[PDB]
Amino acid sequence: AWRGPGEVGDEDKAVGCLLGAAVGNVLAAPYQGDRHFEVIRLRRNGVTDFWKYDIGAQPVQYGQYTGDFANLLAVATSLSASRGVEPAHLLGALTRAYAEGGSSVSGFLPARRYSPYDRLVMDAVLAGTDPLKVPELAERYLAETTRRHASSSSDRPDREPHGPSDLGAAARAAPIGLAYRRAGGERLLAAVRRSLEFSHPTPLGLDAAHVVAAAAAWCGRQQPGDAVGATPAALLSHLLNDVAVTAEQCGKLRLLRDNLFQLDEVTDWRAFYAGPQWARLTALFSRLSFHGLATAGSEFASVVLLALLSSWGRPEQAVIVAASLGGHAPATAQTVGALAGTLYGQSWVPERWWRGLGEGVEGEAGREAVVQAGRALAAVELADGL
Amino acid sequence: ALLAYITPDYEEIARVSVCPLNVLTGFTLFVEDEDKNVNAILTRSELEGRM
Amino acid sequence: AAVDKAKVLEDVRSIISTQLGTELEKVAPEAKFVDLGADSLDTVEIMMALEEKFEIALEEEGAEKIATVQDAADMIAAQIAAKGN
Amino acid sequence: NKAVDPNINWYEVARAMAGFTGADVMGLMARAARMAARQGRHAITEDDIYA
Amino acid sequence: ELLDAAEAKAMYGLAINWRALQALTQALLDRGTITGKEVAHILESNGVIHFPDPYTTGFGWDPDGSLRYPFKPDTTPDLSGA
Amino acid sequence: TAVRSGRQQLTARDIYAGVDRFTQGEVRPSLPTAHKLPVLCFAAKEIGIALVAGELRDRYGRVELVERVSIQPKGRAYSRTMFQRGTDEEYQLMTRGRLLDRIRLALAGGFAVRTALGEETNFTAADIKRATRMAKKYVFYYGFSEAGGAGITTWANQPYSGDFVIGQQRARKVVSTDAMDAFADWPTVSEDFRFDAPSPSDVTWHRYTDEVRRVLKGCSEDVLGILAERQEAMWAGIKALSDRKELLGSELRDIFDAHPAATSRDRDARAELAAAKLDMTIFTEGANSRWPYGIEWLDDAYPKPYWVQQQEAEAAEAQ
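Residue numbers (the entry's author numbering), protein chains in the order written: chain A, 100 to 204, 215 to 495; chain B, 757 to 807; chain C, 5 to 89; chain D, 656 to 706; chain E, 908 to 982, 1002 to 1008; chain F, 640 to 958.
Just chain A, same shape as in the assembly:
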């Protein structure tokens, strides 16, 4: 329940933080939009290996991550370059990791899967719109989608509340949290507010990213040893007492605290998926997310914390659970792996995931570039704001 290396160096912690997000996004890539009961029947042996036969809208190739991890990698590289958060360079790196190829039909047809709000924001900031007037072009539909929701209550992804209260704010805040880990909490909050100044300016998205980044910071500080620092209840209490201000975020985190059983070590995933532990986990996940889709920032952060803390001490089990939870599976598994990497260094990633990352289309150079981004994230200094 403490992994193994009770003391982990900062280099290992940051390379694990990058690589856990990498393996989560690659592992849970073909399960975006699917529900948990569909996923556990598609993969009856468990989501333990990278899938090679995605048949969806944009078939993700073997070993390929999506636009969520692309944005996380761009955030990490820009933050390592700027020694902090500078929105201009952050958007420069985000667009450099976005305009990597496609077909200008001009929606540009991005190479990796992207969230609709993320694609809209990047297209707006590439279309000359200044990255501070969010509602000028980000209220395309959205408000009209709320006006169109007046006679339908669908769980269809086209009616998911994608906007300034999305999960993309909190999906890429883990590098910010790990960099601002020892620089205090208020400066981390200011850094997060600087990071989401162009896409997610709502208090809900701010609180979601704040919870995620603060958890990342905390995880970076504590080490996988004695339960004084290794305690999910202590992490939840710290987040509730210092970070959680909004009502829905607070309520979801208390709903986590009240519940949150600890998952046993799982070997037969086919037997686990038909078990009372997975039944209770799915019941809590359905209480914390609407129909398996945690599009809202609070629901997404609560789901990420549920998948991370319900399997405390087994980060691989955490990543597999977050991949098999469905819904926004690649972003959820990326955030769970990023938190598990801020906790434990590069020793829990299995050799199957290492070889799958290396042998994919985004492999070899891509895997070592993720490792180098982790190295730069460990090596970057900020001196409490720079």
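Certain hints may be false.
The calculated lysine-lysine pairs, modelled on DSSO-like cross-linking and capped at a C-alpha distance of 27 Å, are [as the list claims (entries may be wrong)]:
hint	chain 1	residue 1	chain 2	residue 2
1	B	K792	F	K768
2	F	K878	A	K151
3	C	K36	C	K69
For the record, the hints were derived by calculation from the structure and aren't laboratory data.
Use these hints to put chains B, C, D, E and F onto chain A, whose structure you have.
Just chains B, C, D, E and F now, with coordinates in the frame of chain A:
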């Protein structure tokens, strides 16, 4: 209406009316997703949720 | 006659607010007209506006006992139900 | 051509009309005008079409 | 047995969402007709509980007569005068 | 089609499109890319049918090769699997192994959809409807089963002629599995010489339908074992079908050869081969084949037939 709302991956509710046309029953307008399961596909989850 | 009491209450609140000066928020169901500070004659003018907006005849006997916005909407909705006969 | 309310999300309505031809749509707008008359309006709303 | 499983799951859902069911009943009584958004708003404002699965697997009725999956398992006549 | 393709008349795809334009007329719009359900179902059924056809071409060799799988809707259908029709004189006679292979090929599409989705669908309904009729022809008319110990039942439904159809809907051309069905069957045509036999009783009908269920269970378990052992090849074929829409039987054979079985699955992957057997009930399996036949109410309804008493007295209690 409540048990069609709380059932995941079900046809979503457009309207719910009590005694339409002075008819001694209610009526829930259910909207299907043709692009999801064309006009040929039924799964056991859909059938059990319908039951 | 199955009157949509929610719609009736919303339009009643809108009329009350429009006449007096308050926003739609301040006009709450349980709020008394006295709280809003409509005088006696002003309450009468509000009843006249409600009659003009809903195109119905207000139940005279009982207009001295219209205290809440909920009571005004309930009497109005009962009159909308009784109009069709 | 006729008189309808402009604040109608014709996509959501057409989603509710999954499996229809075009003359079916035409006749549904005609009877939607009939329901508008029943509710007491000259313009057609999405509520009138659902009714 | 399939009908019994479906009936057990339906009664389980209506029992765990009793308050939301009563509020929706009162709203239907007051308004006559109602839309999808108002249904969603009423059910979410009354604290509804969603089904984790759309399957009736494990639901049913016990031989004594009690429900199944109710958190209990998991995955002489008077002969006086006249 | 070759002219519109901007090249000369190379490859067989333009020829197959020209054949399809008049055998399965018109071209419907393709399956939607929104949601992963229909592209998966109407690729998994045809991939599984082609895979089972290849596996039965191995070992036995009776099943003809697969020409192509389409999954682009061209008239009255959403997906197809074309079979390279073997020479005639192979269809002029229905063999027991050929009928077993046909039953397996019928069940293959529905069980492949079930194996892909991890869930039963309505795709098994048409396959079950075809396979039950084929199994009834297997057991009763042709007498290929072991019903009664030699396969000769006391009743068989001989097919009638088409001259009693009257309506005779003019589909024309194409000629599907009718070429294997009506060629081996010899219909009645003469009502003066039609034999129908007395209709069997409920008990012997129970035994005969149990034999039909046994045949269906065996074929279904074989199909499920094949599809459980070739999951990787089935998934690769599904991905290729979703990527390229139309696909030829040649390229399917290359894909299935490129993804062979993983020898012995040993564990975990062995749990797919395990519990792929059906739990369906065969009533007259072991000791339930003398008179009660696993029926607790039969002795409360039928008063112990004479040959039953002979079986229980001459054979039993006298050995």
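For each hint, the structure was consulted:
For the given pair, B:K792 sits about 25 Å from F:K768 by alpha-carbon distance, which is consistent with the 27 Å threshold. For the hint linking F:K878 to A:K151, the alpha-carbon distance of about 9 Å falls within 27 Å, and the restraint holds. Proximity of C:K36 to C:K69 is assessed by CA-CA distance (about 11 Å); at most 27 Å being required, the pair is judged to hold.
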